[PDB]
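Number of protein chains: 2
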Amino acid sequence: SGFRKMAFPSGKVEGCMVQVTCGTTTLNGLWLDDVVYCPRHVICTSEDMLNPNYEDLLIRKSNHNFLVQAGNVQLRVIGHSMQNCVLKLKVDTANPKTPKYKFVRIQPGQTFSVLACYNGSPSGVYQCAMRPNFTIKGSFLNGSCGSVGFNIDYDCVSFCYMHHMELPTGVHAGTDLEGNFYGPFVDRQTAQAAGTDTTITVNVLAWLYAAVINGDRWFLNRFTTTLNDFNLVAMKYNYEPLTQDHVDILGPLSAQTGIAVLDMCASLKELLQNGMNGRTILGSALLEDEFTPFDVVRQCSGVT
Amino acid sequence: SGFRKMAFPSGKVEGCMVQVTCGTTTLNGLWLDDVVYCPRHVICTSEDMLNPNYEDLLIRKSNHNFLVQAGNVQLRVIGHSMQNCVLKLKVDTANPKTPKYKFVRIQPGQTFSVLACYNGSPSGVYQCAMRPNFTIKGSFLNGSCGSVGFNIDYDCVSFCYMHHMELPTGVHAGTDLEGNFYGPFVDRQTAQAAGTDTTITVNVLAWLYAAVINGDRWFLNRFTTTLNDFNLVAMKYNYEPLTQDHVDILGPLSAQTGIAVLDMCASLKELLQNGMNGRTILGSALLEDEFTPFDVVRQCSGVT
Ligand SMILES: *CCC(=O)N(c1ccc(C(C)(C)C)cc1)[C@@H](C(=O)NCC)c1cccnc1
Ligand SMILES: *CCC(=O)N(c1ccc(C(C)(C)C)cc1)[C@@H](C(=O)NCC)c1cccnc1
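Those protein sequences? They're chains R and F, same order as listed.
Count along the first sequence starting at 1, add 1, and that's the number in the numbering used here.
Count along the second sequence starting at 1, add 1, and that's the number in the numbering used here.
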């Protein structure tokens, strides 16, 4: 029993982190096979922050200008190319610690672990969610760029995020491993306001099922609702609309607990309307939305 | 910017996890050098739960009765001994992935990361604190025993916890790596009620400093207090008493922010007396106590 914000074991990803330096800028890179992936803003200087022309800046760079260090040993760069907002540095050596991997572009509401790194070295691991406004609420300092987000299925690492920047509001923006930003963000120091950060309704419901499985049941009520009635409440509280696809994904949790999805929606509706009255659920005083239905099942079943 | 419940990178510990089986009981073991450490309750059957005599049960076991598997390869057991509540299985092979390590017995209020494992395989990593009542609020299912807690200082892993059991209240109890339980708990299925789970005051203050560093400042007030006045409030709210040692450890955070420790205590006193009025601090609606002053400094400086 017990329910924690759990991250995947980070070992497989730690073995891929390298330090990339170009000129006087240093950030993290991801070494998989004979390619090092890193944010293309590694080529930017202090004056190439406001409006950089990456193609023009990249013409002034050769293979020897990219210094790639894995631990204390230097990697030989034999090629470089730009794909969207990432640089791919071909090196002459395949990473011997390369795990089985995939590149995935996640949907908003999905969760993943981040291995925060600085100068190619891992500092910590934590669990995140891609917000509906395509930002992530991370913990990243200067030099953390190139740190990656990932999920693991037995022995396969699915990389989904690469950190690029911090918006002026303290939230984080980045790309998939093809260099395409999540959301409308650009790798430029400009006014980029984030949109409405709505609550991930299907995740809050999954967490309420996790609470029931663990003994926190005070919020269960004698009521039920409909998808349309619940969604009128969700819109009022800036919660994402709940669809039949969401109800379907909550099916195993509904079956395990014996609580119909719509009955759980009615408990959520009452919690939104009345608040928690100073009470807690799974050690939290607010409704947690960074656990997907898959995460709840995984943690509650012990998937290794 | 941003502040997260961050765990240490778990790679160094993942390379030490093994599966230990004795009879029909399987749990996790920790392979360091040529020794595998695991809870001695691996020798217990369904009838040796109420009042096991570990010395008598261990006489019926030989080296070949302990099956130790590291991944898919079997380790040869050449010795076995009981030290307090842990078994030490001498194997014929030193773990090639053994990191630099130490065994430390932590104090209550200190934090550490847990690598939850099942059948020798890691499932997830999360950050914990040793509660003042010597329990940990973890996430552990059946078979998680032998999973370990640790801290890392550059390249040295300091193991501090080994999971042994779940109390009937859903909280967790375990030992240091010398097999000595934290708290009064015994490795027996009996009535073991936990004591008052008080709040770790020095940690809440460290987290309030982390909030200021990150821009969450609404709780800062125009008041100050004294250690004795603050402690009268702390006793009323089941917070641990704050000592001058605690004030001293908060010195770097006080210096960085320019907010005197006693001024921050006065903000905490007001938050305890008035509550949060529906507001949040670092994305939390309650006062977080599982970040030590060292953790705040580490995360806010990017220690790898
Ligand atoms: C890795 C670099 C870094 O820390 N940045 C950062 C600086 C500059 C840029 C460009 C050249 C694209 C404008 C991108 C990233 C930080 C940042 O986003 N600063 C504002 C632009 C940063 C700070 C903290 C966390 N992540 C990133
Ligand atoms: C690893 C074994 C396990 O899951 N236990 C457990 C069973 C039995 C014992 C003895 C023989 C000492 C009574 C210890 C541990 C679970 C447990 O504590 N059950 C009640 C005794 C368990 C369950 C969940 C998380 N951790 C441990």
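Hints may contain errors.
[Said to hold, decoys possible] Using 25 Å as the maximum straight-line C-alpha spacing, the simulated SDA-like pairs for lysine to any residue come out as follows: (1) R:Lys138 <-> F:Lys98; (2) R:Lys101 <-> R:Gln70; (3) F:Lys98 <-> R:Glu241; (4) F:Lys138 <-> R:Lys91; (5) R:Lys91 <-> R:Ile79; (6) R:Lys138 <-> F:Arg280; (7) F:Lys101 <-> R:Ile79.
[Stated by the list, open to error] Some, not all, of what chain F presents toward chain R, calculated at C-beta under 7 Å: (8) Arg5; (9) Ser11; (10) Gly80; (11) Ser122; (12) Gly125; (13) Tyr127; (14) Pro169; (15) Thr170; (16) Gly171; (17) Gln257; (18) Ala261; (19) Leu283; (20) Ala286; (21) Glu291; (22) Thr293.
[Unchecked claim] Derived DEER-like restraints, expressed as beta-carbon distance ranges: (23) R:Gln75 <-> F:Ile60: 54 to 60 Å; (24) R:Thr191 <-> F:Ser2: 17 to 23 Å; (25) F:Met50 <-> R:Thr281: 28 to 34 Å; (26) F:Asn52 <-> R:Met236: 34 to 40 Å; (27) R:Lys103 <-> F:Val304: 28 to 34 Å; (28) R:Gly171 <-> F:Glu48: 43 to 49 Å.
Hints were generated in silico from the structure; no laboratory data involved.
Ideal Cβ positions, reconstructed from N, Cα and C, are used throughout, including at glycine.
Hint by hint, here is what the structure shows:
| no. | hint | result |
| --- | --- | --- |
| 1 | R:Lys138 <-> F:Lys98 | 34 Å, violated |
| 2 | R:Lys101 <-> R:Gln70 | 22 Å, holds |
| 3 | F:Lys98 <-> R:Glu241 | 46 Å, violated |
| 4 | F:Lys138 <-> R:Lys91 | 46 Å, violated |
| 5 | R:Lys91 <-> R:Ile79 | 6 Å, holds |
| 6 | R:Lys138 <-> F:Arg280 | 18 Å, holds |
| 7 | F:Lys101 <-> R:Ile79 | 35 Å, violated |
| 8 | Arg5 | 4 Å, holds |
| 9 | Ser11 | 5 Å, holds |
| 10 | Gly80 | 29 Å, violated |
| 11 | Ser122 | 4 Å, holds |
| 12 | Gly125 | 4 Å, holds |
| 13 | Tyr127 | 4 Å, holds |
| 14 | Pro169 | 10 Å, violated |
| 15 | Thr170 | 9 Å, violated |
| 16 | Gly171 | 4 Å, holds |
| 17 | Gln257 | 14 Å, violated |
| 18 | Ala261 | 25 Å, violated |
| 19 | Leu283 | 10 Å, violated |
| 20 | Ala286 | 4 Å, holds |
| 21 | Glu291 | 10 Å, violated |
| 22 | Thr293 | 14 Å, violated |
| 23 | R:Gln75 <-> F:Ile60: 54 to 60 Å | 57 Å, holds |
| 24 | R:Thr191 <-> F:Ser2: 17 to 23 Å | 18 Å, holds |
| 25 | F:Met50 <-> R:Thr281: 28 to 34 Å | 32 Å, holds |
| 26 | F:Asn52 <-> R:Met236: 34 to 40 Å | 58 Å, violated |
| 27 | R:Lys103 <-> F:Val304: 28 to 34 Å | 31 Å, holds |
| 28 | R:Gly171 <-> F:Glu48: 43 to 49 Å | 57 Å, violated |
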